[PDB]
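We have chain A already, so just place chain A' with the ligands on it with the hints.
Protein chains: 2
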Amino acid sequence: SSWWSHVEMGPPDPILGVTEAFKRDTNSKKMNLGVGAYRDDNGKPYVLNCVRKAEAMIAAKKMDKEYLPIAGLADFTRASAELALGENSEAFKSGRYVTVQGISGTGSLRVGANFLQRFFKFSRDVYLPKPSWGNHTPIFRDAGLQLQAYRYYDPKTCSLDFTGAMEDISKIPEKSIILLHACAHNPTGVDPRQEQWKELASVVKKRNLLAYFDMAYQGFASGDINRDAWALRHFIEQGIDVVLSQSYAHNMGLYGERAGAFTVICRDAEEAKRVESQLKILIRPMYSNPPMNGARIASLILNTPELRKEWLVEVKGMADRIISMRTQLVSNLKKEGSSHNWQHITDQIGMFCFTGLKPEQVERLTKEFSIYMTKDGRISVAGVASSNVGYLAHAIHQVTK
Amino acid sequence: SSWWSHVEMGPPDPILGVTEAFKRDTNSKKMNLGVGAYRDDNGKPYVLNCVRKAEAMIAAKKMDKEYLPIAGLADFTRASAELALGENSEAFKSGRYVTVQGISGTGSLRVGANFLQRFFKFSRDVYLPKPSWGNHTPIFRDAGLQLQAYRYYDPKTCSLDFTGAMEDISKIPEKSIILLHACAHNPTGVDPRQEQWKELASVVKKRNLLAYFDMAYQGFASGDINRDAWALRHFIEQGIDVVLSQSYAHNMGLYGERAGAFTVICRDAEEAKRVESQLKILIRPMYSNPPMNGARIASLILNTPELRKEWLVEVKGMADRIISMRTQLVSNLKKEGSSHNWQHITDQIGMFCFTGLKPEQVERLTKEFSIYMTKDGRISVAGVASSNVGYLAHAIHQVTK
Ligand SMILES: Cc1[nH+]cc(COP(=O)(O)O)c(CN[C@@H](CCC(=O)O)C(=O)O)c1O
Ligand SMILES: Cc1[nH+]cc(COP(=O)(O)O)c(CN[C@@H](CCC(=O)O)C(=O)O)c1O
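The listed protein sequences correspond, in order, to chains A and A'. A prime marks a further copy of an entry chain. Numbering (PDB author numbering) for the first sequence: 3 to 64, 66 to 126, 129 to 130, 133 to 152, 154 to 406, 408 to 410. Numbering (PDB author numbering) for the second sequence: 3 to 64, 66 to 126, 129 to 130, 133 to 152, 154 to 406, 408 to 410.
If you are wondering where the hints come from, they were derived from the structure by calculation, not from laboratory data. Heads up, some of the hints might be wrong.
20 Å max Cα-Cα, derived EDC-like pairs, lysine to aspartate or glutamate [to be verified]:
#  : chain 1 : residue 1 : chain 2 : residue 2
1  : A       : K64       : A'      : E322
2  : A       : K55       : A'      : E57
3  : A       : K63       : A'      : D42
4  : A'      : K55       : A       : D67
5  : A       : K281      : A'      : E22
6  : A'      : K25       : A       : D67
7  : A       : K46       : A'      : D67
8  : A       : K124      : A'      : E10
9  : A'      : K281      : A'      : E85
10 : A       : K124      : A'      : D149
11 : A       : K46       : A'      : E69
12 : A       : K64       : A'      : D43
13 : A'      : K63       : A       : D42
14 : A'      : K64       : A       : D43
15 : A'      : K383      : A'      : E371
16 : A'      : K64       : A       : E57
17 : A       : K317      : A       : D232
18 : A       : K214      : A       : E182
19 : A       : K55       : A'      : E69
20 : A       : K317      : A       : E57
21 : A'      : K64       : A       : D42
22 : A       : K214      : A       : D130
What follows is a list of derived Cβ distance ranges for each label pair [as the list claims (entries may be wrong)]:
#  : chain 1 : residue 1 : chain 2 : residue 2 : range
23 : A       : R148      : A'      : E182      : 29 to 35 Å
24 : A       : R26       : A'      : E182      : 39 to 45 Å
25 : A'      : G364      : A       : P181      : 53 to 59 Å
26 : A       : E10       : A'      : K213      : 25 to 31 Å
27 : A'      : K324      : A       : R54       : 35 to 41 Å
28 : A'      : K32       : A       : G45       : 53 to 59 Å
29 : A'      : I331      : A       : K281      : 40 to 46 Å
30 : A'      : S30       : A       : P181      : 57 to 63 Å
31 : A'      : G172      : A       : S3        : 30 to 36 Å
32 : A'      : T171      : A       : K63       : 50 to 56 Å
33 : A'      : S4        : A       : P14       : 38 to 44 Å
34 : A'      : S4        : A       : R26       : 49 to 55 Å
35 : A       : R121      : A'      : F125      : 26 to 32 Å
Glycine residues also receive a C-beta, built at the ideal position from the N, C-alpha and C atoms.
With the rest of the complex left out, here is chain A:
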């Protein structure tokens, strides 16, 4: 009986733990369809061309590694704001925003969570969509806020239950906080339609709710970055001052370098200044200043015309491939003779498919075929390659037959 005799065995992360389990299997045909990580058509980690050139630029310049200001790389901070808001945006033009480099999406989310905990005097409730990325709970819960829920997904119909959402949302207490996924909702792969978004705006505005946008997949919903930032831009434009978290982990394939940002849209550039002051203060006693590599790479691509353009081509490339894989998946299922309707697989967008498989099926999949996915039936289509869509489909079928 020492200091930690009492500390119990905590369980493995529902998402990140799949990769740990996957790592150990000896099956040569194994597939890691758990975390949303882009794999190229060979089924290999893919580092974009533009990322590769960004890094070379950095190398060549023989840059130092001195500490970055607490808020991050100005150039990256400003270009991230700009990427979300759009260059024409009044918010951006007027400087009514504060963007701070964050430790990827998760890092940004928690900074905001912490910021709200401290400065959002109107409420302690955060409404998450049913269902949501498992991690939104703990992120909010550890920061000190309460979690609530709003209906979103209709499993019966494999789509968004708009009526349920609107009902739930029209009733959230005023001045509460609502978390919205900007695009490629995780894990359903179903976003509201633009008409739909417009109706949500109204209710949010009307109920005077703080809209918190989680934008982890800008460019993976349509394959177009501006198109994917529509909702977000629409709300700001309707006069809704949101807070936002951005991740460059998927769209730039910067996973491990941890590049991201957290933004608050304020009333004036002077409020923006005061909020920045306080955000610095929160970040300081947390990690002091942020990791420079991801931010340097992203800044160079973003601010370098030829780089940026290459990047957009590369993003289309990625989404495209994901599409082909959905398609094929479905085809192979029919080929295999599957009786089930697998239309949701091609209807869903972003990196995954919310399959509907029950936990007994998931289990079999891992054990008989060594195909790893989250227990909720969510699979990452992002990680399928031409060489194993066949295998995937056959398995799905066997376990479903």
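Structure of chain A' with the ligands alone, referenced to chain A:
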């Protein structure tokens, strides 16, 4: 009256803010002696040779950027443990430790702070030495613990007030938490003597206090890394199970890449396993997984014999230079005709000198000479170069005359 009408202008970080102020001065002779950042003899940011080769190795291998496990790079985690504990260590050999990659020193410190908040059921008090790095307060305070103090520095005598420390320490309530700087105490540059450390061990052990070591400057106290880890090793060896935070920001000049680690010494490898589980759980909803670059670079140097050896030469090189600058500083002061005893400047170790200048003098220094330092009179000798020790000394003198 929007959401953030109430959020007030927070002040600039007492340490990091000096660099912000410094950045704006137009004086061509300006000197940034605030943050502890190594400058080469030309007064330029210095990226070690071995760091440069580590990066080239990485480049050459065309490594991916997939996400690292929540606890960090195994290789880096294990080599950090090893760097602190020493290779012969029973703790290490036996695997009674858990080391987790942290976002530099600050990142590691806060992870531990958070861990204790959650699992240290014996107390909410953390005793810091008087004085300490300004940031220890907020780090502990934001995590949820209470701050206490123990006497350390004797300004009258420009040294460690051992009697006061021992008195204060012999009285801290049992099972409390005491933060100790492993070496190169920040900001006094005065460490306990080995005899002294031995006496501290006893009292800590006797009072059954949780010893929390902050090891930010391993190699900057003596210019020898094992020598600098003595105290730390001695406590573990006396049967004191510490928690520790390591930073590679100064000794490897990795400032902005944010590489560091947090370790807990446990009873067995099985407790170690349970603690790891819980640490993962804490990190997950905080930043998810850590920045890979700093960790990849540090892992390669540490685990690469020729790299490691080069690294130790480079560390000696750095400490040496710091020594020369102290020396010279003092010489120039006499040359200038300073009446004061400046012996503390050469007596102090690590990257700074706790000068004793009053705030009015600090102020003049910045305004007449554009020499930036923290308001407490702490200056970073680390950043002085042969070309400006003269200027420095003349200024000090003018403002002191
Ligand atoms: C909605 C969502 N929001 C934020 C993030 C933040 O990611 P990062 O920048 O790494 O902090 C992720 C990653 N979630 C995918 C990646 C694995 C993970 O969970 O992490 C996933 O759901 O598989 C999200 O899916
Ligand atoms: C005692 C101490 N502990 C931990 C750290 C953590 O540093 P990092 O790995 O960057 O998180 C520092 C840096 N403190 C010097 C560097 C500037 C800073 O304060 O940050 C300093 O005191 O100037 C310390 O001086």
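Evaluated hints:
1. Using a Cα cut-off of 20 Å, the hinted pair A:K64 and A':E322 holds, with the two alpha carbons roughly 19 Å apart.
2. As the CA atoms of A:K55 and A':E57 are separated by approximately 15 Å, the hinted pair is consistent with the 20 Å bound.
3. Restraint check: the Cα-Cα separation between A:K63 and A':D42 comes to about 18 Å, which is no more than 20 Å; the hinted pair holds.
4. Annotation: proposed proximity of A':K55 to A:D67 holds, straight-line Cα distance about 14 Å (limit 20 Å).
5. Note on A:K281 and A':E22: the hinted pairing holds, with a Cα-Cα distance of about 15 Å set against a maximum of 20 Å.
6. The straight-line distance between the Cα atoms of A':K25 and A:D67 is roughly 16 Å, inside the 20 Å bound, and the hint therefore holds.
7. A threshold of 20 Å between alpha carbons decides the hint, and for A:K46 with A':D67 the separation of about 9 Å falls inside it, so the pair holds.
8. For the given pair, A:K124 sits about 14 Å from A':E10 by alpha-carbon distance, which is consistent with the 20 Å threshold.
9. About 18 Å separates the Cα atoms of A':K281 and A':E85, which keeps this hinted pair within 20 Å; it holds.
10. Between A:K124 and A':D149, the direct Cα distance comes to roughly 18 Å. Compliance with the 20 Å bound is thereby established for this hinted pair.
11. For the suggested pair A:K46 and A':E69, the alpha carbons sit about 10 Å apart, so the restraint of at most 20 Å is met.
12. For the hint linking A:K64 to A':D43, the alpha-carbon distance of about 18 Å falls within 20 Å, and the restraint holds.
13. For the proposed pair A':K63 and A:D42, the alpha carbon gap of about 18 Å is at most 20 Å, so the pair holds.
14. Between A':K64 and A:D43 the CA atoms are separated by roughly 18 Å; this keeps the pair inside 20 Å, and the hint holds.
15. Among the hinted pairs, A':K383 with A':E371 is consistent with the structure: their alpha-carbon atoms are about 8 Å apart, no more than 20 Å.
16. For a cut-off of 20 Å, the pair hint linking A':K64 to A:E57 stands: about 11 Å separates their Cα positions.
17. The suggested pairing of A:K317 with A:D232 holds, with an alpha-carbon distance near 12 Å, which does not exceed 20 Å.
18. Distance hint between A:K214 and A:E182 is fulfilled; the C-alpha atoms sit about 9 Å from each other, no more than 20 Å.
19. For the hint linking A:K55 to A':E69, the alpha-carbon distance of about 18 Å falls within 20 Å, and the restraint holds.
20. The hinted pair formed by A:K317 and A:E57 meets the criterion: a straight-line CA distance of about 17 Å does not exceed 20 Å.
21. Of the pairs offered as hints, the one joining A':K64 and A:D42 holds, with about 15 Å between alpha carbons and a cut-off of 20 Å not exceeded.
22. Restraint check: the Cα-Cα separation between A:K214 and A:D130 comes to about 18 Å, which is no more than 20 Å; the hinted pair holds.
23. Between A:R148 and A':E182 the beta carbon distance is about 32 Å. The supplied range of 29 to 35 Å therefore holds.
24. Separation of A:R26 from A':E182 is about 43 Å and conforms to the stated range, judged on CB atoms against 39 to 45 Å.
25. Between A':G364 and A:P181 the Cβ separation comes to about 57 Å, which falls inside the hinted range of 53 to 59 Å.
26. Between A:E10 and A':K213 the beta carbon distance is about 27 Å. The supplied range of 25 to 31 Å therefore holds.
27. The given range of 35 to 41 Å is respected by A':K324 and A:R54, whose C-beta atoms sit roughly 36 Å from each other.
28. For the hinted restraint 53 to 59 Å between A':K32 and A:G45, the CB-CB distance of approximately 54 Å keeps it satisfied.
29. Separation of A':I331 from A:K281 is about 43 Å and conforms to the stated range, judged on CB atoms against 40 to 46 Å.
30. The beta-carbon spacing between A':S30 and A:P181, approximately 59 Å, falls within the hinted interval of 57 to 63 Å.
31. Range check, A':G172 to A:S3: about 33 Å between beta-carbon atoms, so the 30 to 36 Å window is met.
32. Taking the beta carbon of each, A':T171 and A:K63 are about 54 Å apart, inside 50 to 56 Å as hinted.
33. The hint said 38 to 44 Å for the Cβ distance between A':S4 and A:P14, and at roughly 42 Å that hint holds.
34. Checked against the hint of 49 to 55 Å, the C-beta distance between A':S4 and A:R26 comes to roughly 52 Å, which is consistent with it.
35. At roughly 28 Å, the beta carbons of A:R121 and A':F125 sit within the given window of 26 to 32 Å.
Taken one by one, the earlier hints all hold for this structure without exception.
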